[PDB]
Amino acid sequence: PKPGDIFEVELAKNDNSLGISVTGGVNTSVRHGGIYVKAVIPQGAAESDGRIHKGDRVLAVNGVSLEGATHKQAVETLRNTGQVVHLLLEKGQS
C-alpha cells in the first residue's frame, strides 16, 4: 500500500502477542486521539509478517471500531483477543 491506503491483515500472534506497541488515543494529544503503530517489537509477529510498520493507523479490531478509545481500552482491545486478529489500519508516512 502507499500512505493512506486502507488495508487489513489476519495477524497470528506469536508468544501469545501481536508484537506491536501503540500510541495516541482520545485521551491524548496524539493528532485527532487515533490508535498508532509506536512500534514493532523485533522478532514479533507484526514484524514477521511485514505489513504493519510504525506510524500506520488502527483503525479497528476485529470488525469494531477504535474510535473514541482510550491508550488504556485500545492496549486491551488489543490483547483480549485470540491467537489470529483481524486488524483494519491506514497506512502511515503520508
Given for the second form:
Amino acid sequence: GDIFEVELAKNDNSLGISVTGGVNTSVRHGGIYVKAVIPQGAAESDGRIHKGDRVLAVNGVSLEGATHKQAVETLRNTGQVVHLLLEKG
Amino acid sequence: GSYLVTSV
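Same protein, different condition: the form solved without its partner chain was shown, now please give the form solved in complex with its partner chain.
Expanding to the full complex; the earlier chain stays at the top.
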C-alpha cells in the first residue's frame, strides 16, 4: 500500500531485479511486480527494493495499463540513475 | 498457471 520512490544507478545494463505481470497476464490484477532482487539490485537500491513491490513508474513514464513487453521495454530503455515509483507488496 | 519472468 505504501508508495515510495527508489533511485538505482544501472550497471551492466541492469537494475538487478526481475519483473512479472502485465494487463494481459494472469499475475495478480495486471500490474508489474518485482519478482526477484539479486545482490546487484540490493546494492543499487541500498536495500530499498523488494520482491513483491509493484512498479508504478519508470522515470517520467507511468506503467499504468502496460503489457509485459511494454514494461520490460520501458525498464530496459533507460540508463544512468533510474527512478522507480513503487508500492509495497 | 504460467507466467514470464524477465530480468532487467
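Positions refer to the first chain, counted from 1. Under this definition, the rigid core comprises the largest set of C-alpha atoms superposing within 1.5 Å between the forms.
Of the residues checked (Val61, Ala69, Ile52, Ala45), the rigid-core alignment between these two forms shows a Cα shift of at least 2 Å for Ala45 alone.
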